[PDB]
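Coming up is one lone chain in structure tokens, specifically the form deposited without its partner chain.
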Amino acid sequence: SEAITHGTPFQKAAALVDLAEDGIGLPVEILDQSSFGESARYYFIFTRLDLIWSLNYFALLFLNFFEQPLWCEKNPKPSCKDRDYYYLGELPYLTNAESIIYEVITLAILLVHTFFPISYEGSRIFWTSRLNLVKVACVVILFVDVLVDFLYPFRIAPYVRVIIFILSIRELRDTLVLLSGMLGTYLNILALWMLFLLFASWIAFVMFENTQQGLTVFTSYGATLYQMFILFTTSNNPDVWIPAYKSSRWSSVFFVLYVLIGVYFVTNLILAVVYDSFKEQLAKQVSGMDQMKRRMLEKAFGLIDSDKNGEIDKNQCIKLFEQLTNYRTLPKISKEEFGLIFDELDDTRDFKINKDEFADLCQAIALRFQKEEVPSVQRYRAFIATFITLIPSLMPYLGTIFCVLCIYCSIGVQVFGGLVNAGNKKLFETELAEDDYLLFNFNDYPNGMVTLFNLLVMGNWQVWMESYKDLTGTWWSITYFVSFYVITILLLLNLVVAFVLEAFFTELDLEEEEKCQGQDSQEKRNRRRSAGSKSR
């Protein structure tokens, strides 16, 4: 009945479906847990105990990562008029008595989660893992800031509480691999983007240095790199160039052509690269998954074959479909599937004897049958097939961005803290006061979390920018809001706009071939997929 616990039995025909199930649904057994001579030791007994308790672990992660909004501003301590909310937010701030209660519970599960794969890896393997020295070093930094906050800089706990949450889920770590391979392409297209703003902030400063434009908005060259940056974003379109329009009507020809080249030529070609870098980096992940599948099926192959000659006979395959617990009657399948597998050796009268034959067989049952069952509108179809596929497909690629904003909030709370006050006199002339944003704030953590969202939508995103270049007084605040743009024109065009285009072309292709596959043959022909995945 219950096929959950299996490492302690694991017969020669039963420890197949330990490996043959995990090759289908694609989980991971660790490579140290895979390379054993026995492959059913107390390592593997303790390993599936990690996957049992997994719902405790993610519930710790969102405990640790939703900690930060409930917790105090960096500076209420120098602040005058502390408790009275000057545009703060309605969430409570957990007190110092409430501090050690919430972090020690959080570390009591993180210390279990980090030092658990010692129970199935060697200490020369665990400590030489390099995605796991990172995860241990993140714990010790939290263990400092627990005990420092107990026994009483800028307190780098809330940055580490993100990076633990990034590395601990596989999806957000699998995503972040792509953003390292894409980064060597994106920085070149960033470098030919900055050249576009610089060469066209020069002509916009050459042309208008005499007139009523350069008297008013385009004074210094550093305030035409800055303005023409915001025109590239479109979000300041007619306001930049009214007094160059009002003076000579012909100066729209500069500005209606720069935004035309800027937004409709370059911005699609930053999208084109970051989509074309995605297609190569996604292929490097999927082939990084099939070698994980082939390195599972090769374990399943040699587990059955006793002499390890390199082959398995037909009768030695017939016993597997019953071990699969898949279909009712056995002998009508394996000889039927032999022709269905694209190449049969026919060196013996019955068997096809290779390793690569089985590694395609166990996946060939997967696409067709789905008969395991572990007991424990045509007009609108291609749109809502994708649109419902994309609620869990963009949970990593919109989870990375929610982690990028949990960093910029935590930077942006600290750099830009209790400045929007009720009584800051620079504020009441800014664009925050006149547009009455005066909230969307940065004065706390969740005030900042929303504000980065409006900066992410680009809905009037320069109101916040040009206020904090006047509240902080420096032009160095500009680099907070330019780096949000740059990093999230990868992340909003990689991870989303390139993904939702490819996600449509799957649920197009599954509609364009479902008319073809059901009419081409009664059974599935495998190489049409070999020409179909490389088709577009």
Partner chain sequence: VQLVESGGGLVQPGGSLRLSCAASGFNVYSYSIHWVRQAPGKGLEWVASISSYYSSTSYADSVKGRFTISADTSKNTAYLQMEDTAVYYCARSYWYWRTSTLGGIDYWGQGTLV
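Positions refer to the first chain, counted from 1. Residues that one form lacks are left out of the comparison. Rigid core (definition): largest C-alpha set, two forms, superposition within 1.5 Å. Compared with the form deposited with its partner chain bound:
- Core superposition between the two forms leaves every listed residue (351, 440, 402, 254) with a C-alpha shift below 2 angstroms except 351.
- Once the two forms are aligned on their core, only one segment of at least three consecutive shared residues with Cα displacements of 2 Å or more between the two forms appears, at 351-353.
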Second form
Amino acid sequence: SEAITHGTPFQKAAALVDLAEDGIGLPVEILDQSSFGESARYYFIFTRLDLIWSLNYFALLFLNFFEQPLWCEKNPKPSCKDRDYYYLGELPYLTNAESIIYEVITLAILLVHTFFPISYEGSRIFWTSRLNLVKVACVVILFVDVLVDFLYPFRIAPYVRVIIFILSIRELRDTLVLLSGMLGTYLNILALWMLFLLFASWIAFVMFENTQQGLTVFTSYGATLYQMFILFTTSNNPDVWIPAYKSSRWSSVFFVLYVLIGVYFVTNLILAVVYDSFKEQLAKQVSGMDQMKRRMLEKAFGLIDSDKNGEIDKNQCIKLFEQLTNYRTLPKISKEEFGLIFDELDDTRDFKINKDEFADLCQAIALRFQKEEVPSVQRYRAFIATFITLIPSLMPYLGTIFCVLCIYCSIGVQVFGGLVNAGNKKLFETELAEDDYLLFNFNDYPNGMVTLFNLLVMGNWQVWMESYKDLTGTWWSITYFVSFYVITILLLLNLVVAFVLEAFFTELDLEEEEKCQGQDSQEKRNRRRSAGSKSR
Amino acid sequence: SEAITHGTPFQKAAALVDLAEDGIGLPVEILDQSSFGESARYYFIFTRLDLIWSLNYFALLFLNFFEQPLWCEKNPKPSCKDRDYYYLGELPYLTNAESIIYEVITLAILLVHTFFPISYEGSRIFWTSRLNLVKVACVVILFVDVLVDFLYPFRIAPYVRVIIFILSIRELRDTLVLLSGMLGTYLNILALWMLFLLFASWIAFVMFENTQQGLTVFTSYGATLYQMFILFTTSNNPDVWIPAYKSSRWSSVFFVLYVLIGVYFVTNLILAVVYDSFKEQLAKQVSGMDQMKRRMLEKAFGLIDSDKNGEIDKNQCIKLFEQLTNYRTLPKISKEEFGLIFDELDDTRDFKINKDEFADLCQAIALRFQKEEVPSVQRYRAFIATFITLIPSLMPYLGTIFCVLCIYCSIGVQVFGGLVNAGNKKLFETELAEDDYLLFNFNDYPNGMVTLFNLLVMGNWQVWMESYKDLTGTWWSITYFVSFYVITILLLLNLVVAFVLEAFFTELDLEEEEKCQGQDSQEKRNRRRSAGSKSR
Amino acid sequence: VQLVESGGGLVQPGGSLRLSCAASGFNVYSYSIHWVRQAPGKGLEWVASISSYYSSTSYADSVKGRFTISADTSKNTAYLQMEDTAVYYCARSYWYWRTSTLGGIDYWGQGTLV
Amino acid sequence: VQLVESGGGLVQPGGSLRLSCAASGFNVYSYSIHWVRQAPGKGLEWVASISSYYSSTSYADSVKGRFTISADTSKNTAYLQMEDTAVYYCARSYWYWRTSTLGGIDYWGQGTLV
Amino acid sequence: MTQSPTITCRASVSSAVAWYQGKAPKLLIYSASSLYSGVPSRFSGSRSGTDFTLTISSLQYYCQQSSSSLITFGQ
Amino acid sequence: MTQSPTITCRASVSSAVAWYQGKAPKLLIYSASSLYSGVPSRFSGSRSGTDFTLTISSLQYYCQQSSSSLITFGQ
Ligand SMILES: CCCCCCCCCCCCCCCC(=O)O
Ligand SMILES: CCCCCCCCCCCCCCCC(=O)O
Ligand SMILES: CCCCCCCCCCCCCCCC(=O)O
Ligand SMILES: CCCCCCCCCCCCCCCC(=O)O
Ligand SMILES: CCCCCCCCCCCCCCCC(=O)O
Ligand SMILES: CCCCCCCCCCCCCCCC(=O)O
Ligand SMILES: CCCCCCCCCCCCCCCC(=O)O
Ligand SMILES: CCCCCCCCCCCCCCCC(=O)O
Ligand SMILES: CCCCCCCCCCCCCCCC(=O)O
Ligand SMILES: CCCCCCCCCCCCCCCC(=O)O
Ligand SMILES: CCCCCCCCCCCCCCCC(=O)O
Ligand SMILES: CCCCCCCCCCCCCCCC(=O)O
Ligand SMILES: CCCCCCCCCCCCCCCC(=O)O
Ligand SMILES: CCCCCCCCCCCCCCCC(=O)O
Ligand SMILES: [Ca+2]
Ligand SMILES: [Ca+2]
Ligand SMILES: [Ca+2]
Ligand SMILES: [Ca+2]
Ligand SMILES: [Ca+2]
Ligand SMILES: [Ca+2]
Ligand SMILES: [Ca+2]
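Could you present the same protein in the form deposited with its partner chain bound, rather than the form deposited without its partner chain shown above?
Next comes the full complex, and the chain you just saw is listed first.
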């Protein structure tokens, strides 16, 4: 009945489907778990003890992570009158006796999560992995920090809780491989974006310096790089250049051409670059994933050959399809499949399957039949074919950004911390007080989690920027709000825009070539699929 | 010396030197000009009398077109105190004795543009073309309107001057074929865009209607479709949803998820559709552009042979490379170029006798040699390879939009005319007065030409909308500013964004495959070119 | 050199046939094919054209979408997938676009009885 | 069935040769090839590996980028574009990734003198 | 595309005419000014505006017209 | 990847070792516990942690180690 475990007896028909199943839905098995001889040893029991109890290890990652919005602020410990709300949020503030019966529960499920692959890897296979060393160090930070939070700097707790949460969820760690493979491309095009604003702020400083613009707004040079940075964004738009328009109308031609170039050539040719390094790094990851299917389909091939020769037998191919449990009449298909496979050895009549012949065979049966059964609109189609495809296909590319906004929140809670007060005086003349953004705040973790959303959408994004440059005094508060721009209009153009383009082009070729799937051939060929992938 | 003038009869091998030339740089001769048998009659002298004097016919189009910003306003004729400037522009106003020595001079060089191909078409070939029946009717409008403006509704002069200027410049008429082929695709995705706002304004009607949001802003379902339309745009962003946020913090989750979906799925999957129907309509135009020069290479072939059987001899090939006046020696071409033909007949030991042999032969020469000569950074390369490519490659896709903003200006000068006055009272409480826009106006033609630029960039685009809905009183002024949005979310996502992506992928292709072909072979291959363009 | 039609068997209503237009005087790419028929007693009627040059396979008004044309350059054959009681002929215009005037349709086939 | 190396002629310094590793016991995609050499008096040295299965053609540290490997599956031949005074051998491990234990390298070539 | 029983045709103003004649049609005149070879010249042609003067002279017929790819006989 | 002159090798702890032996190398013990065929059993293998016990018994050597694709003999 139950086909969940099946690795402890693990026969040549029984352990065959234990790995031939794991090439279908692409699961992971450790290459250390595979490099052992039997693949049924003391190690294999203790990976199905992971991925069966794998909901106590992933819903912990939120119980870990969402303790950040339910923390305190960093700093009402110096200040006076906390309980009077100085523009704060609404979530409660967990007391220190409530952060100890919730950081031990969270850290009883990390020294069970991270010290679990000592039960399927060695005392030295473990500690030489460059990731597994990290997640032991992240926990010893949280184990020191629980020790510090028991008996009494800037408290790097809530940055580790993001970083554990990135490394723990597989797809966010896998997404972050793209962003570190894309980064050398992006810092070039960032370094030519910057040369666009550096040059165009120099002419804008040169041209208007005597007249009524460059006395009013364009005062120095640095407060023109600053203004022409925000015109790049478009969000500053006539309010930059009104007093150079009121005094001569002709000088809009500088400014109606700068934001024409800045938004329609350069921003698209940041999008086109970051599209282009998304195409290359993604297929570099698929070929880093497809080669892991073939790790299994050389471990699938190499359990069968008890003779250890190099090929498998046609009757042995059929008689092992009984454990496959896909179709009733077994031998009436494999003779048809040899013509369905583009190649065949034909050194013998029947017993001839080369290892790459099998490598595409077991990736064909699972896609045509699709019958395992573990007992345990036309006008608007191509849009909602994609729009339904995308909702779990952006959850690793919109969970990275939520873990960029959970880094910047914790920075922003600490750099810009308790400042927008109803006791404050430099507040009440900024743009936060007149536009009335006096929540959207940074005085807390979910006051400032939402503030970064508004900054992410770019709706009036410089109201917050020009306020915190005035509430903190320095020009250095600018650099928090320019860093968010650069990193996350990489992220909101890379993994969010350029994905939704290429995910539309896949639910457009599964609708156009779907007509060819019922007209050109009723059964699936292998060379037409390889030719259609490079063609679009 | 000069080989341009040859309507005076060239030789049978020397009349080739034009039609083989006119496939290289892609000019066009009329299919009625090729319709006559000789192709050297009076119908050919009088096309080279066009494209030689073709600067008196294209710089007239701007002398025609830019009389719009140099007009008057439509309506200071009723009103009082014109010369006191009620926020008007800067240009002068041509008086009626200055619009008659400039509309006759414009209409002396426009009939001679329109009634010129009667010197190479008939009294019935001409009048059955409909990009020709129109341009006679457009002039009879301007000839009636000059007659009306000599001896004394809503004055449809300045809309015709755009429409002539579209039909007259070839690439703007050619671009507008895409937009009329793309339009049936776009009105579907527009009709699913509205269903996003119609649905999401209904839950936003429903959810908030009792509480403090839906008594302040979200009052009725008109003013939530209206508000949630502007949140789609992002430009309204926290100011819509502050008094829902101030009363419960949880109602950001409706609004931080609506603008998450509205901008990152839907706006990209309007961009993905409009980039999908740009790929199809452009190659549908290139394959309509190939036959404009492939018809030449059946008129090239069809003068070489004497008896019209379908052949060229080898010496008959070689006798014409000397007519090219490009390469030095005779026998080293066809001994090399026949091997460069991928599919040569080799029926004789010398000649290759088909018409599609020659159809790619006379196109491969124009790429490898490029030796006609009529006497008459690595890190930042792929960006400025495209950025220099794109400046004349968007001038037909940014000249359509300038002729959409020259339609809306003339509408907007007339629908929203001399209304923002310093005598007005309902002006001074709108958002134009408090933001001080109060210029960016719609009173002159270049007051409102710039205003549509700010609306196009979407920098504070609803200040003009929400202020003109209060100056005209209606809700119908909304529809001017929603229709500008829709057409230039076709136009600013089709013709500008989707082009700058695929123009980057071609100056990606001329950098990636330049390295590949430099190591693959010594000379140009024709089958790698046919496969590489069919990939991206 | 001159034309050979083939595929003209004995057709029933409902189903149809598939023609072929064989040739030996380089009669695709250069000298392209036209299918013109004649019902008995009637005049001629044009039923299908083709360019193996331009890659355009276009055909008439009253048969538009009914009758499908294709080619084979390697054996110089123009196929044709099919009150059609007719007598089919092939044809070799030198021109393709306006073959009325200057090409004509030079060489006509031998005849068939469909 | 067993291995044949070829391409081992008489090489000059500067230029190089191009090897070949012939086989008749279905010895690409399944039983993949390894180039291991031995300079005279020395021990062995691994110089090139390949998968016709995984499509990975990877090779050593001290020869990294110097020596290029390719294949011909249709004739089961593994080419190899080239003080390299050495004696080249071929090899047939069944496993590719960690062939150190579970393949060995089963069949060694006949020998050459490069 | 209408004949007339000295033979004329109808309706592409001057170069839209081939003029033909048990038998398959033999071509006679392309363009109604150019006798096709191998045939005596007792059959001549002339384009007269919107009429095509195909011509009988001596004593001892399917005119043609296209524009782009669609071709119109007579009968 | 260091031999020791009963022979041992060095250093990929238990399933990264085969042991070989005028002649081309003949394989002897793949896995360092699995006698390859055709061979008398006077040569046996044993993995002892970070040591690889290749074994001489009877009287009448190029151990091997990879991790992913790069392979390390002895000498
Ligand atoms: C790309 C993702 C952007 C994410 C933006 C974060 C939105 C989450 C905001 C949560 C606010 C929670 C406050 C609730 C108060 C309460 O119910 O008591
Ligand atoms: C493409 C590079 C050219 C732009 C370089 C701009 C040169 C500086 C701008 C002119 C003023 C100098 C800076 C003023 C601020 C200061 O020095 O105190
Ligand atoms: C990545 C774009 C650049 C980010 C914006 C840079 C802001 C530079 C402004 C700092 C200089 C201050 C202006 C000079 C006048 C002064 O403060 O005394
Ligand atoms: C690391 C990224 C840097 C991007 C731009 C950095 C800008 C540094 C300073 C720019 C303007 C210089 C200030 C001029 C006026 C002044 O303060 O004297
Ligand atoms: C990427 C995860 C961790 C990275 C974030 C490290 C913190 C960067 C900024 C430090 C926060 C404190 C700011 C220093 C200035 C100040 O305290 O006023
Ligand atoms: C995910 C990476 C995020 C790390 C980058 C964030 C830190 C950059 C700037 C933080 C604040 C710097 C300026 C401090 C303002 C102040 O001192 O008042
Ligand atoms: C790529 C993003 C980098 C962030 C941009 C730089 C951060 C702002 C730099 C401006 C600081 C100018 C110096 C003024 C210092 C002061 O007045 O106290
Ligand atoms: C996509 C193109 C957008 C086009 C926006 C139009 C910009 C042109 C504005 C011209 C203003 C000219 C004012 C004349 C003043 C003077 O007399 O000197
Ligand atoms: C997906 C479609 C659902 C949206 C349609 C719901 C209609 C709006 C909710 C009730 C308001 C009706 C509109 C106002 C009419 C009135 O004046 O009463
Ligand atoms: C397709 C997007 C919508 C286009 C513009 C949104 C239309 C909203 C129009 C509001 C109608 C009037 C408001 C109803 C309440 C009232 O005035 O009585
Ligand atoms: C032609 C495109 C139409 C786009 C959307 C038009 C919707 C018109 C109606 C707006 C909603 C109802 C108007 C007022 C509602 C109310 O009175 O409660
Ligand atoms: C596309 C070129 C011409 C199309 C433009 C036609 C004009 C559409 C709107 C008419 C302008 C007058 C508006 C009528 C309402 C009013 O006068 O108040
Ligand atoms: C290029 C096409 C443009 C044509 C579309 C523009 C006309 C749509 C609306 C024009 C004004 C309509 C509302 C009038 C306002 C009012 O009457 O006060
Ligand atoms: C796609 C662009 C369509 C334009 C959107 C609709 C513009 C019309 C205004 C909406 C209906 C408002 C009805 C209220 C009438 C009134 O009170 O005078
Ligand atoms: Ca076997
Ligand atoms: Ca077979
Ligand atoms: Ca804005
Ligand atoms: Ca904006
Ligand atoms: Ca000839
Ligand atoms: Ca030849
Ligand atoms: Ca304001």
